[PDB]
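One chain follows as structure tokens, the form deposited in one PDB entry.
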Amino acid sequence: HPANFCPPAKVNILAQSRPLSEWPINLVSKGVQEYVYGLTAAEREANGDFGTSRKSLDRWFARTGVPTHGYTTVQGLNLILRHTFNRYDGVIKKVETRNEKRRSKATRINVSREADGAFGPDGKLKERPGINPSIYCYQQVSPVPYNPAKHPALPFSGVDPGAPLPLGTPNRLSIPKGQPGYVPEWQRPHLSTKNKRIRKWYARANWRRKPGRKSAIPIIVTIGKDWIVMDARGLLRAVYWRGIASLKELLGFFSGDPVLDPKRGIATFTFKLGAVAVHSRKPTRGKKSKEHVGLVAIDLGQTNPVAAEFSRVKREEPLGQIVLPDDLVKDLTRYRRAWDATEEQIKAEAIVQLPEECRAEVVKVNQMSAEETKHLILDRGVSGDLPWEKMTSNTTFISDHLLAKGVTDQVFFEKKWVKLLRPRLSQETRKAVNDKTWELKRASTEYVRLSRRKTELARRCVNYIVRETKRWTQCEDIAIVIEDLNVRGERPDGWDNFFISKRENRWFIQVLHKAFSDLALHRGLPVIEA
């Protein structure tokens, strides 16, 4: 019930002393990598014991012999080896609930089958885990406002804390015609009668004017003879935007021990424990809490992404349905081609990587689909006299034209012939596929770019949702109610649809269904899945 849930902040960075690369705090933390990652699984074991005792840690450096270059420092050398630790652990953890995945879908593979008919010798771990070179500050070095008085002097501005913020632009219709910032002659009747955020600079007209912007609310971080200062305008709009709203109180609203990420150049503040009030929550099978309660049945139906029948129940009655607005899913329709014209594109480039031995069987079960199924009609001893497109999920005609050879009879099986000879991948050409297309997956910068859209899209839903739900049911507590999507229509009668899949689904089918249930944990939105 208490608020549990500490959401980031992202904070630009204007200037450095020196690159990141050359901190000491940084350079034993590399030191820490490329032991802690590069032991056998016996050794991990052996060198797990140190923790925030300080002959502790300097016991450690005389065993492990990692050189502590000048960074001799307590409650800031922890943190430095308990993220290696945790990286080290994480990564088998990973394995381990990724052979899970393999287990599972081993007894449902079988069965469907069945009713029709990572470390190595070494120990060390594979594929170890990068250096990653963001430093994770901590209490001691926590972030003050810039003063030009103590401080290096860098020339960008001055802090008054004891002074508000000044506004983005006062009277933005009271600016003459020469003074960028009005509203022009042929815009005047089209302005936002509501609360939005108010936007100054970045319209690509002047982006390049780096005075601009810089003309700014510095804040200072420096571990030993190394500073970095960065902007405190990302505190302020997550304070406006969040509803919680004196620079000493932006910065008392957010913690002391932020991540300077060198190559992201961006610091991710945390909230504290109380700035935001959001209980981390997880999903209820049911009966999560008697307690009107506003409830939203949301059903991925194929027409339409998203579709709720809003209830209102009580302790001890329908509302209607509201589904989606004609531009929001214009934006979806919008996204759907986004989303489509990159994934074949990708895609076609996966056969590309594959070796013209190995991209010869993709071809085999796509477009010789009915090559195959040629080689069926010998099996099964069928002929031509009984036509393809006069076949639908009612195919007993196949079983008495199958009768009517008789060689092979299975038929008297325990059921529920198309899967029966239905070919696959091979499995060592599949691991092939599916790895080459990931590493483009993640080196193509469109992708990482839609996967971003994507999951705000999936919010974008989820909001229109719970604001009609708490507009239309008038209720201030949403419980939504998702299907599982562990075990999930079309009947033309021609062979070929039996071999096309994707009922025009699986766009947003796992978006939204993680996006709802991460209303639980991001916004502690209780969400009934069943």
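Residue numbers count along the first chain shown, from 1. Note that the rigid core is defined as the largest set of C-alphas that superpose within 1.5 Å between two forms. Compared with the form deposited in another entry:
- Shift analysis on the rigid core between these two forms singles out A350 from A350, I223, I322, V229 (C-alpha displacement of 2 Å or more).
- Superposed on the core, the two forms differ at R204: its CA moves 2 Å or more between these two forms.
- Relative to the superposed rigid core, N47 undergoes a CA displacement of at least 2 Å between these two forms.
- In the core-superposed comparison between these two forms, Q410 has its Cα shifted by at least 2 Å.
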Second form
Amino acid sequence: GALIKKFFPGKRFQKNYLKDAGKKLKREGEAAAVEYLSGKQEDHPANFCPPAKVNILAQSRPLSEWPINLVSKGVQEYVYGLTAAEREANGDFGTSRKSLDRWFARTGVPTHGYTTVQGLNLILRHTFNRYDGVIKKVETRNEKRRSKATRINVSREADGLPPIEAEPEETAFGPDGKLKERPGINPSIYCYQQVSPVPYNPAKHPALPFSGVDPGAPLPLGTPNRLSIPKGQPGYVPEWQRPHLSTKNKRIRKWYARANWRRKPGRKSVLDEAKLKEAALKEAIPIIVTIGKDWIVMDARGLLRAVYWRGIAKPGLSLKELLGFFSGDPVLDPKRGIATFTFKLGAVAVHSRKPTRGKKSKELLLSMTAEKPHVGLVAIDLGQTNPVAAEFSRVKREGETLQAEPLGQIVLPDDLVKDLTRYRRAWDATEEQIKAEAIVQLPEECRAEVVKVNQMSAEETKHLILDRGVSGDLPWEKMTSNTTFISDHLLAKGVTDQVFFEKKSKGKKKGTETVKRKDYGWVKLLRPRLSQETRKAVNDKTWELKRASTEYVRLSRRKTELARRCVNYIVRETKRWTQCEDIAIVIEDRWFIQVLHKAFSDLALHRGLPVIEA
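Now that we've seen the form deposited in one PDB entry, could you pull up the form deposited in another entry?
Since only the chain itself is given, any partners or molecules it might have are not part of what comes next.
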């Protein structure tokens, strides 16, 4: 079907339609594909299917004991562990009953009665391609290291460079033929069509403590009017809170929400996990997946929130219609005790674009201004005393030339920088704490070396300069970082004749330069750089001690949450200032800089907003 896309000028369709067209091409007739694709000639099809997450309410047996789990575990522990050469050997794979047989039979992979082609195909594809993913990730890391080394050499060529003999390692590949058993056994269960979720029905399903609802009946709504709830009962809003309530259509929380009872520095209330769970289980929306003789029941309220906050579905829909906005192939992971759904290809109207550079950035504006004769822009300035600064503009269309209109510049609000700085003080505490804890767990000689190198300061490094008989006089005031004065410092005691020289380069032009060694260059030749043996050890140890931290895992999520909050603010006032729905962001190539740049660049992937890198 891809080859004959010629009849359609430029238009690109969705993936499922393309596969169906290929089916209609390989099968009887050829004009069937043309007629099928006729009437659907979108130029910006929906490419993105966001995730939705649900909790697990009940289950027959723990997910580890299911036959599907044991078969997938065997397949994974088998493929993750043969040599890289033999992966292509026994990788017959196939996608059929005949091909899956003679594969599960000639290999020592015991099926536990599981013989479903769909589940087995998912298992085999995911296992083999995760095995390929780890090796291509090793290749990617090696390529990134090579590029970084080349850039480091190029930069070091300009100034006085110490020898840089980076430790040579090729692809990991393990020591023996076995590539790597690095891929952990994924406990997640990948569901398929024949076990797709359905509304819980007491007649055809096991009896559980909670109760179901009529699949066709509209799903229950929340509390209709909280202000009508009487005193002495849950949900009661006291009178001193009624005036200063919210007015925006915010998400409504039940009184048994854990966000209202969680332990907090200033609550002085009593949390009852059992009582809250008992109250919360009564108003669930159960959905059940049956694989073989086993089942798990999930709460569909997460799907309901996903469809509400995105504005795809208004209140009044049913459980059958709510399930119809999601694919019937969720992922059941036992570790979190949740399941992850994914939106259907079309439930979100998002075309994940790619950030544009240079020439293509010119034609992108012509494309957007051709459809509408106004496109809002925002120029993001990440370097300033405020985390984000933006400049707005509205671009018209005039022949081959794009117009412009500077409008205004805003800054991040004062009530948000306060949150960002309350975050910074927490991150610094955790970084210092993990550094100290690593200092505790370093070797005694390594710890002594570390405390010494931290204790060796400018004068400890300049002990050599002192050994040449000089004392700190002229660079003792800020060292004059703009210029180089270490030569004059050594001249103060007649040592400037022993100053070593750094040779500069003319760049594209041919020639070198005889220039006094810079103060920064002098420190470079003087500041010790500790041996990679201990440096790598301490850095790696800090890395895993930081990975295992129970607060670092939370602060890393707060990073992304705050960055996305800033991006959402910038896009909202970008829309409000320009009063245009089409907006394109132009972005210039501890710190919030990296997380903000990733959050801004994620827009072209998650919400289709054209991000221009310049």
